[PDB]
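The other protein chains are all here in position, but one chain of the complex has been omitted.
Chain lettering (A, B, C and D) follows the sequence in which the chains are written, and residue indices restart at 1 in each chain.
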Amino acid sequence: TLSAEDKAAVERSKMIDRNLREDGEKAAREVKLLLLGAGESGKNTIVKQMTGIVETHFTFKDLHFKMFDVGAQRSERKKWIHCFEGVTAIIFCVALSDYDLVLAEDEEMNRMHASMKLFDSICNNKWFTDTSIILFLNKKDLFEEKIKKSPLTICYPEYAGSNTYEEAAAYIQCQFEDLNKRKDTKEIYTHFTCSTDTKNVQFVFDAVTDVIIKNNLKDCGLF
Amino acid sequence: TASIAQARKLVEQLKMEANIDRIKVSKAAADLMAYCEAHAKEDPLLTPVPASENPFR
Amino acid sequence: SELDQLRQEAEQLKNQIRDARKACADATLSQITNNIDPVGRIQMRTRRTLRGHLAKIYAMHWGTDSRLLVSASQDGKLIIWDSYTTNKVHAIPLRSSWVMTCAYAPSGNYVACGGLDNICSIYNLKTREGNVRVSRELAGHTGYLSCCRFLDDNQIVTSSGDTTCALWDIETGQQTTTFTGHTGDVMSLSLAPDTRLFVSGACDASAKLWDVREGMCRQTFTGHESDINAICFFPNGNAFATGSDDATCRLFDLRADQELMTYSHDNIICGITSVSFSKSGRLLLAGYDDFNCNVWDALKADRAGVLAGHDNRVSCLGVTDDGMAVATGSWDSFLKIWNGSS
Amino acid sequence: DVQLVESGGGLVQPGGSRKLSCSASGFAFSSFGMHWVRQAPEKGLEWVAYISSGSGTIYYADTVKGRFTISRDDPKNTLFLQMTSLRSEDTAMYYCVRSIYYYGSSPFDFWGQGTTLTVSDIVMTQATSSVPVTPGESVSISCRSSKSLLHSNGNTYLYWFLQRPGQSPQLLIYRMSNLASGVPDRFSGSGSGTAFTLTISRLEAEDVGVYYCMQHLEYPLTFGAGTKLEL
Partner (left out) sequence: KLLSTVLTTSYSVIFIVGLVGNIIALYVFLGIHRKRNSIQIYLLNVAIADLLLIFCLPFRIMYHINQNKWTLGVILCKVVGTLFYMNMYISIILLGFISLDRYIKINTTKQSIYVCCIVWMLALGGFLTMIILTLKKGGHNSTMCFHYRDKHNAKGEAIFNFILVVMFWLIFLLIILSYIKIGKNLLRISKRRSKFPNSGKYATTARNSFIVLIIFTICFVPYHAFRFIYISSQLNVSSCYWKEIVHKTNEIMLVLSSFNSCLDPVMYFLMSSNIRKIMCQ
């Protein structure tokens, strides 16, 4: 009941849907990761190891990753954070060596405590209820050096643990994971990275694969 | 001297906004009510058209 | 000393403006429009469902022929729809998938879009090569692009999250005018029918009226309690409506320079994403976070009807130039075309 | 620039086979439907075959159906026409024509230069074979159809072409009123039902040529006899 050109227009629309279906299949097989953290916290170093939004594409063991860096945006975070609802995981970078430092802009706020409030809002955000977090604790080698001079008591007044590197490193990890107010819906994967580390990509793949499998187990209804 | 420079600009802007002519709300309200009345018949969403004249049958 | 004295003078000017607005608030729009009959119940059916977007739809805009429309989704696809047949006329792959706004040129020869990439990209729809190509990328904003509107084939106005709006010369790619004065992220803009003025709503809960040619702010409208997400001019250009996160819509008048009416309900506790008027301006259609679109009586502040056809946020809506139908886009990846029946 | 070059034509024996090629450059070939149109010497245009974008739909004229095969190679941007059992009735210049179909598109907008082959249904009527004209004077050309070309969707699928001496046809008016890109505004198309008129205000030297009216309401596409303008 269509004209000659109308039947040709419908055929054009059907071809567009075929191309849209193919692009949707290709995009659904790519891992999307939202990269967060504070300024000068090792985030830039992570990208190397792996004016708006910077996207990085890389492939590791037949798996395509998309990493979104939004640290260059100074706008209101609540006006664009819902656009990343649905990423596979959030890569959060925290600088361990910045425990005794003070935020440059505020000049009276502890740098480590500034990351906790940023981590607390992201982890407890309503748009990332079911999104896992890959917590990277950077600058572990520099953190050990600062331990000898500046003890952890400056960062945490209520810290009765020893001043050894292993005890100090583990205590910081526990505090961040204790900010997770939903320990069942989401999981936090903690890794200690460094400038010379080369296994950071492997941990991302292991953590992403763990997230993907546990997503299927929810689809299958067995978990 | 960044704050003092911004203060001068903000004060200067408020002078321009404070010197405009304002009509009464009743006068402004009447114009909106008048415009809606005049174009009521040619509004398909307000008064749905017959199915013969509806492109979205 | 000097700073303290100057900031005291600003408060005096604000009190002068507030007294001036109160002086001309002789009556209320509600009292004026009390006698007129209500519009009744507005029943609209889904005539068309546009399928093919595979992600959240963030923006849509009708063409001036009232038949073609462009929608933007964060699957990285700009789609132009034939609303009569639901045929896809074009599918434009976006270089950056984080699109937040889209605009259809009044001539129909161009479309524009932009998002978190801080760029407004212009696409030429009428090429001898038979494909849509990027004709211009407007760089210069330091925040995300929240809204864009063509004045003609050569001029476009964009609002950004860096608290500024800009007027662009598309041929040269340079911003001829920069509109500064908002203290928060500007989330939306609407052009006046004569395209000589435009209103913008920001996250400082204020709406400013800007002169396109002169390039300064003429008037500032306050009254919202949270970020303004949507704004739309009245069809005659003498008023505009805003939508905020405080679950309220307010109708401001340009000439009275103050708020005239508030559109809120006790059940509504969600933010507003988009607002539009019917052709006569009697109906105000607003999209909400609660998955619904509420049709308001603009004059009487009565909820005339509800468009409930989406399973996620209604992110955008628009009414055709002839007023025949209204399209609603949503985060559930579908577009629907609505109108009533006799 | 948009180019369509045909090759493979030449003198062939009756009952033989020949392969015509159409190489496309300067436009998205895979997005365009393609037509073959032939023109017998000292005769009008005759549509031969059509292949749609994506190769999903193929149509043939009755006089060639079963003997001609049309195919395309999208990666190579080449259009093919395989011909078999060639008759003396097939001696014509074969034109490669692009046509894209969407709302508001202009099909038949670009024609190829054509290749010459030599072998050893709505009726469109243009009764006026020739019209003596003078420069600067307004000329009207009439076309008639056996069936109404107005469809229920509001379109009237009538096209106007101009074939200047020695040149390929060019699109002037598509869907009976719209003016093709690159055509001066002096051309105007007016019609109703089965009767159509092409008005040429302020005729110039370039406008001299043969004018063809084509229907696109349904296949097979048929051309009018043609009206020649002479000084």
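In the analysis below, a residue touches a chain if its C-beta (ideal position, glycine included) is under 8 Å from a C-beta of that chain, and two chains touch if they have at least 3 such contacts.
Touching the missing chain, out of C:2, C:152, C:311 or C:321, is residue C:311. Among A:11, A:98 or A:187, only A:187 touches the chain left out of the display. The chain not shown here touches chain A at positions 184, 187-190, 206, 210, 213-214, 216-223.
Assume only the chains that are shown with their structure count from here on.
Counting C-beta pairs in contact across A-C and across B-C gives the higher total for B-C. Taking the mean of the C-alpha atoms as each chain's centre, chain A and chain C sit 33 Å apart.
If you average the Cα atoms of chain B and of chain C, the two centres end up 13 Å apart. Taking each chain's centre as the average of its CA atoms, chain C and chain D sit 46 Å apart. Annotation for chain B: no residues touch two or more other chains.
In chain C, the residues that touch at least two other chains are 67, 82, 85, 87, 89-90. Residues 1-2, 26-28, 31-32, 100, 102-104, 181 of chain D are the ones touching chain C in the complex. The part of chain C that touches chain D in the complex is made up of residues 67-68, 82, 85, 87, 89-90, 126, 128-131.
Against chain C, in their complex, chain A makes its touches with residues 6, 9-10, 12-13, 16-17, 19-20, 23-24, 27, 51-53, 55, 70, 73-76, 79-80, 83.
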